Amino acid sequence: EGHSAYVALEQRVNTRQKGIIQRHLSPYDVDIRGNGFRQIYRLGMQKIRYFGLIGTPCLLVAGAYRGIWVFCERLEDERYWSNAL
Amino acid sequence: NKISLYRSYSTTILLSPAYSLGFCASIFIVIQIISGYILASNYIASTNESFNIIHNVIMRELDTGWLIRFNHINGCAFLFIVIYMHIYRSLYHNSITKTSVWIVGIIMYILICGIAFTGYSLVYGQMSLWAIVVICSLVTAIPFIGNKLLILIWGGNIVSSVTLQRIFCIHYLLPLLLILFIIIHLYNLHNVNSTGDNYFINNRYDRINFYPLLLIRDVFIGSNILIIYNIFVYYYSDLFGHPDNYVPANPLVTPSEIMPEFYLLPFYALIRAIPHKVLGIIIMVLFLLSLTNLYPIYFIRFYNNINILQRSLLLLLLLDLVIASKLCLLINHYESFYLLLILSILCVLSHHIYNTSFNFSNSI
Amino acid sequence: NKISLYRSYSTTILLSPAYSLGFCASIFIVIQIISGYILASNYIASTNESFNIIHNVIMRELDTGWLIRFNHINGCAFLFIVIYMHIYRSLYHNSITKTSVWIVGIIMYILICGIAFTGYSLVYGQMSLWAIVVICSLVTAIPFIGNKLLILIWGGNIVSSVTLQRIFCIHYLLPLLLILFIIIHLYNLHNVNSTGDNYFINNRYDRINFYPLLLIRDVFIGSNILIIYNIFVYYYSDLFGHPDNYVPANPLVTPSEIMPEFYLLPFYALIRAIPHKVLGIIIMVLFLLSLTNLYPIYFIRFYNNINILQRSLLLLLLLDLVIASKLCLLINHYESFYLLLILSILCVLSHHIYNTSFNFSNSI
Amino acid sequence: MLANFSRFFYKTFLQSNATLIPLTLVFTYXXXXXXXXXXXXXXXXXXXXXXXXXXXXXXXXXXXXXXXXX
Amino acid sequence: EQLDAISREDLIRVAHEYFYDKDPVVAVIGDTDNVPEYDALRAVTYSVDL
Amino acid sequence: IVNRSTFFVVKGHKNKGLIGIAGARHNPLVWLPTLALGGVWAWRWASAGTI
Amino acid sequence: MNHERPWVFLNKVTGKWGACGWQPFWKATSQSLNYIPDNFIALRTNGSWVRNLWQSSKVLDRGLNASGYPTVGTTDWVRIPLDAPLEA
Ligand code: HEM
Ligand code: HEM
Ligand code: HEM
Ligand code: HEM
Numbered sequence: 002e003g004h005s006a007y008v009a010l011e012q013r014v015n016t017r018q019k020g021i022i023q024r025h026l027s028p029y030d031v032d033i034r035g036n037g038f039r040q041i042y043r044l045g046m047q048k049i050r051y052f053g054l055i056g057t058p059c060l061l062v063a064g065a066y067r068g069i070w071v072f073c074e075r076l077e078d079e080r081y082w083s084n085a086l
Numbered sequence: 002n003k004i005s006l007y008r009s010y011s012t013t014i015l016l017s018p019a020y021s022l023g024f025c026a027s028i029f030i031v032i033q034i035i036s037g038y039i040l041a042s043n044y045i046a047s048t049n050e051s052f053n054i055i056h057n058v059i060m061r062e063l064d065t066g067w068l069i070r071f072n073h074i075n076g077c078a079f080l081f082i083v084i085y086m087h088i089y090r091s092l093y094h095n096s097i098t099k100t101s102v103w104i105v106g107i108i109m110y111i112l113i114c115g116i117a118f119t120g121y122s123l124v125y126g127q128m129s130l131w132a133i134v135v136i137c138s139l140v141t142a143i144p145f146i147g148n149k150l151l152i153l154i155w156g157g158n159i160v161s162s163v164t165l166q167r168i169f170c171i172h173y174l175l176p177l178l179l180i181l182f183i184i185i186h187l188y189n190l191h192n193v194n195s196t197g198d199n200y201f202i203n204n205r206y207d208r209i210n211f212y213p214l215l216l217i218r219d220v221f222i223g224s225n226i227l228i229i230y231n232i233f234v235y236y237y238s239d240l241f242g243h244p245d246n247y248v249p250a251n252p253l254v255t256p257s258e259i260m261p262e263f264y265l266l267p268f269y270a271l272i273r274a275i276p277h278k279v280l281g282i283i284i285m286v287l288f289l290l291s292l293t294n295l296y297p298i299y300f301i302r303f304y305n306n307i308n309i310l311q312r313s314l315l316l317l318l319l320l321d322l323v324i325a326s327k328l329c330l331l332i333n334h335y336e337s338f339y340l341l342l343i344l345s346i347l348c349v350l351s352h353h354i355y356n357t358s359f360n361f362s363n364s365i
Numbered sequence: 002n003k004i005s006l007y008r009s010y011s012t013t014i015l016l017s018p019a020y021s022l023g024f025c026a027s028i029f030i031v032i033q034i035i036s037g038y039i040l041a042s043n044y045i046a047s048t049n050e051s052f053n054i055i056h057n058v059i060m061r062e063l064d065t066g067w068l069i070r071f072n073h074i075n076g077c078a079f080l081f082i083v084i085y086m087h088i089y090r091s092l093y094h095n096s097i098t099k100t101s102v103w104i105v106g107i108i109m110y111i112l113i114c115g116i117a118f119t120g121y122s123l124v125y126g127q128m129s130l131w132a133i134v135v136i137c138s139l140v141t142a143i144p145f146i147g148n149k150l151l152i153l154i155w156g157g158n159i160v161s162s163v164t165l166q167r168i169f170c171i172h173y174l175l176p177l178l179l180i181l182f183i184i185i186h187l188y189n190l191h192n193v194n195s196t197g198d199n200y201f202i203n204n205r206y207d208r209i210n211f212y213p214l215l216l217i218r219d220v221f222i223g224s225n226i227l228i229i230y231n232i233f234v235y236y237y238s239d240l241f242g243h244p245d246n247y248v249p250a251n252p253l254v255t256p257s258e259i260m261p262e263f264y265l266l267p268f269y270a271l272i273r274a275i276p277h278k279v280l281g282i283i284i285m286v287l288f289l290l291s292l293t294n295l296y297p298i299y300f301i302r303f304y305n306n307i308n309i310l311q312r313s314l315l316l317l318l319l320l321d322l323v324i325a326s327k328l329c330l331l332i333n334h335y336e337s338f339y340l341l342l343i344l345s346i347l348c349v350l351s352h353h354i355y356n357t358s359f360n361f362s363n364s365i
Numbered sequence: 001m002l003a004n005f006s007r008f009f010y011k012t013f014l015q016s017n018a019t020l021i022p023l024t025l026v027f028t029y030x031x032x033x034x035x036x037x038x039x040x041x042x043x044x045x046x047x048x049x050x051x052x053x054x055x056x057x058x059x060x061x062x063x064x065x066x067x068x069x070x
Numbered sequence: 427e428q429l430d431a432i433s434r435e436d437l438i439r440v441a442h443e444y445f446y447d448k449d450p451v452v453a454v455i456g457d458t459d460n461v462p463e464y465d466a467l468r469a470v471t472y473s474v475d476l
Numbered sequence: 104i105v106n107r108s109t110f111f112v113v114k115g116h117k118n119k120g121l122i123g124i125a126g127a128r129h130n131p132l133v134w135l136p137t138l139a140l141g142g143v144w145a146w147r148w149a150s151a152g153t154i
Numbered sequence: 001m002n003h004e005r006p007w008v009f010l011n012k013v014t015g016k017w018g019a020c021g022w023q024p025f026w027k028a029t030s031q032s033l034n035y036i037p038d039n040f041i042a043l044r045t046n047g048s049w050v051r052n053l054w055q056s057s058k059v060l061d062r063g064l065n066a067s068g069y070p071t072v073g074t075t076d077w078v079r080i081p082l083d084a085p086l087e088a
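Protein chains in written order, with the authors' numbering: chain QH, 2 to 86; chain QC, 2 to 365; chain Qc, 2 to 365; chain Qi, 1 to 70; chain Qa, 427 to 476; chain Qj, 104 to 154; chain 4j, 1 to 88.
Quick caveat, the hints were computed from the structure, so don't treat them as lab data. C-beta atoms are modelled at their ideal positions from N, C-alpha and C, and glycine is treated no differently. Take the hints with a grain of salt, since some may be wrong.
What the hints assert, rightly or not - Quick list of the computed label-pair ranges, beta carbon to beta carbon: (1) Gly120 (chain Qj) <-> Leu467 (chain Qa): 20 to 26 angstroms; (2) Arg13 (chain QH) <-> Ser364 (chain QC): 33 to 39 angstroms; (3) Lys3 (chain QC) <-> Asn36 (chain QH): 28 to 34 angstroms; (4) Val8 (chain QH) <-> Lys3 (chain QC): 34 to 40 angstroms; (5) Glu4 (chain 4j) <-> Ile14 (chain Qc): 36 to 42 angstroms; (6) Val474 (chain Qa) <-> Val13 (chain 4j): 42 to 48 angstroms; (7) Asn36 (chain QH) <-> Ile180 (chain QC): 38 to 44 angstroms.
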């Protein structure tokens, strides 16, 4: 791990770290249900908003393609029903 | 020294469940390797015994030879599904910055397409024979040395027993090279580490040990995806296939519609949307070569971030590929779908993966 | 940086031409891989049409399928000759000190013996069938599972096309594992370097660049070895084989004498010199396991020098092995040679490769 | 003589890969391929001529011609 | 007077006569653990492209 | 030649290539005889004439 | 082109002298009307070496002690430059 590209990068870029205090609890003292429903709600809402954002162009283009698909499908149905093939 | 085992490799904490797709693909590679080795131990490659030895010996003389065959088929299909999800995630999170990992992955993708095609050729059925014929007709369009080349590929003017035997040797050989390339894939990744949901440069205090947390997450996601996989093995065994491949090959008869497997359809579209055969070959080669990142080499290039516009365009690319596959299958009877087929193919060919910083410059 | 290429790895100046045996072995591994891949692309494994497609389709319909087959046979023979010389050299210069290199080498030797056996089985001739029968009968002596295991291995009570198909798949697969183990062999060697004629601890001023001097020496020695090898491919094409293998196998008829290939005879001797079957199997396993250096594991051990007495005893080992092979094949008509066969086997089993410093100590 | 000839030969042929590669190809063709291989072929074909396949075929045709007209 | 009459082509010819694909003489004092040996140095006095 | 200042300039990242030395390469027309002879020589078939 | 300026060989034991120099020459072809050839034997000079040779002829033929001049290889010939008139 010490001879890895990401370790080399962190040594080149980051300074010698100082003044950082981390606190960790053992999993036997942490409840798996502790922050469950709140996180479910928050993440669901976030993903709903984000997909509503980034999905709009796809929705618009899919609507245009659906219009074209309907037109072509009924054109070909009319062609087949009149022996015009 | 168990501690030394824990700390031999550390990753970011932002590995969402979407980062187990590589492990799922590994599971399916293992399944394909084992099932294929068991099948090959009961397989004879010839035009007089191949189709029979699959449906009359493998699937009816053994206890669960049918189960082994269904595993092989549906494992191929699910391997392709998982690999497509893997690629889509890599594009979504701007993982092209992992240059070694990306190049090895593209090589593996091309290899896996080749493996799937050659394997589908081994069931000497109607679809297998006529897919071989169509692809080789693509081959013979090469200027100058095409026809001779075709003969060398077939060992004759038609597909025959020697053709099946060489295809069998290729199908056996390639997956092991794929295994080596997977090893290289993982070696490069462990050299550069994983992106995660967001890209950060972390010191050892911000990273976590890979073992055993991520192995347990991989087991969990793998069991879920194996449930989904086995739903198809036992209850939709023939959903990822065409029934005409259960008809023994008839060189004198061509099927009504020759259609490849769902995971090769996009490539097939690139051939139907380009009228000139030579131009189609050239465009396919350029497409495959352009998925890579082998140019520039000695010009300074670096990678910037990705944004919401790019993510939305990626979703659009997915839509266009799906539409192109369906339409390229539909154009056989209805000729008015050429408009939408060509439109979708042109849209696919004009998708930006890497934002060229060279877009902006000044003239002398 | 061409200079960086020259200095990437350096070795000792005391590399006599005897240190090209590994390169020659790699040459014959390459030849075997290529010729075997060409043969397997024209091969059908089945008792009905195996012997026929080797002798009637591969040899007589292709342009030089006969030459491919002869290359493959004599390449196996010469690969074993070169490996035996390689082992003899490594014992002569006390190369058991390269612990990792030696252990990988022994694993590779076992793999190659298996590859040779499974390959010889594929020619469904009299010798192949009855060598399989004898070996699998030796399998039948295991306590409490000999018949269940034998049935599992053969797929039935008798050798058949399923057995041929298993053997074909194993013969195809094993050489690729062999290539991986060759890569590991060379990796370890580069880690610990070579011995040369004598062992010295040299600084960089006493070592020479490996490339291109030793590459050119390898080319020269390989050229001479290939001349010698081709004198057999073209003029003595069946010197190492047995004519009874040019007879299609009859399960109802047993050959007068069942003799394996000349590179397995020593093992066969161990079987013939031990009247009890279980004891013979135990001795075979112990022999193969004692060739390795996996014990002691945590006790402190180190290797001292080698001397003229040990080299003379090494010559004696060679003599005993050769005589044991010849006698093992002679004893089928001449009963009095059992004495000399047993004597040679006993002399072989009590040969000291590693002189243990634990031979001298005191008591509490 | 050898000094000047050596200098000329080196400076003309061996100094540049642009000439050394075609010189090597000329050696391959007009010496190894069409001078040793073809030479041995012609020599073998000539030594064993009385019992040649072509000779046998010709004699066969002649004997058939003789037998037919009788 | 003789120094302003030198031609660039003449200088190039002199440089090519004595440097390109010639045997050098090397002297090293110090940590020869890192200084390349003669053989490598003899192989870099010419280029494949030329 | 491009009529653009479209390349990132870095200290010392100059005259980098694979095969030769920048500024010391022949006219690319000197390799035409080599390529021609190599193509004509290599592109040939061989048969043992076994009946 | 840049070669040596013309010189004078002088043999000691025989005591016999003679001028010499490098003569360029090329394959004959059409000439140029607008060009009078420059000084080619003594490049970049006003051609005084002829005057120096004419002046020095009496000195050399009379007998010159040229032991202070370089020799030509292992022979008995020495080179006298014609950059300046020779008086000794
Ligand atoms: C060494 C590993 C493998 C071996 C030995 C092997 C062997 C075989 C054999 C003998 C068949 C024909 C039997 C049959 O059709 O049921 C086959 C079919 C097939 N293989 Fe493989 N295979 C291997 C790996 C793979 C891989 C990695 C893939 C790709 C996912 C793959 C895809 C296929 C496909 C698509 C078929 C035809 C499916 C069908 O029968 O309809 N194989 N393989
Ligand atoms: C057999 C098919 C493949 C397998 C088994 C495979 C396996 C893996 C594994 C195990 C990882 C690390 C775990 C992870 O991050 O998901 C990974 C990462 C990656 N793979 Fe693949 N891969 C495959 C195909 C591909 C393809 C086709 C590409 C496209 C070029 C690709 C590109 C990547 C990238 C970019 C990453 C790192 C993503 C990141 O962390 O930023 N892989 N792969
Ligand atoms: C993947 C590489 C290889 C493949 C695909 C392969 C395939 C085959 C096949 C199809 C045959 C039967 C055809 C015949 O008997 O002429 C055969 C025979 C044989 N192979 Fe291989 N082989 C490979 C590598 C090796 C290696 C490394 C050895 C080791 C010496 C070996 C030893 C033999 C022997 C002894 C025979 C039987 C000789 C005989 O025909 O009398 N093969 N192999
Ligand atoms: C596939 C067959 C084998 C190949 C291709 C192979 C290849 C090589 C090569 C290339 C080397 C280094 C070059 C040399 O010293 O000759 C080497 C060294 C060595 N090999 Fe192997 N080897 C093979 C089998 C074995 C076996 C069966 C042994 C027995 C244990 C063995 C033991 C060694 C040892 C001890 C050395 C180092 C000798 C020394 O430098 O003192 N090899 N081998």
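Going through the hints against the structure:
Our hint of 20 to 26 angstroms for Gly120 (chain Qj) and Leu467 (chain Qa) holds, since their Cβ atoms are close to 22 angstroms apart. The given range of 33 to 39 angstroms is respected by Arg13 (chain QH) and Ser364 (chain QC), whose C-beta atoms sit roughly 36 angstroms from each other. At about 30 angstroms, the beta-carbon gap between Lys3 (chain QC) and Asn36 (chain QH) stays in the expected band of 28 to 34 angstroms. For the hinted restraint 34 to 40 angstroms between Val8 (chain QH) and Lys3 (chain QC), the CB-CB distance of approximately 22 angstroms leaves it violated.
For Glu4 (chain 4j) paired with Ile14 (chain Qc), a C-beta distance near 51 angstroms fails the hint of 36 to 42 angstroms. The given range of 42 to 48 angstroms is broken by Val474 (chain Qa) and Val13 (chain 4j), whose C-beta atoms sit roughly 56 angstroms from each other. A beta carbon spacing of about 41 angstroms between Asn36 (chain QH) and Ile180 (chain QC) agrees with the range 38 to 44 angstroms that was offered as a hint.
The structure shown violates the earlier hints numbered 4, 5, 6.
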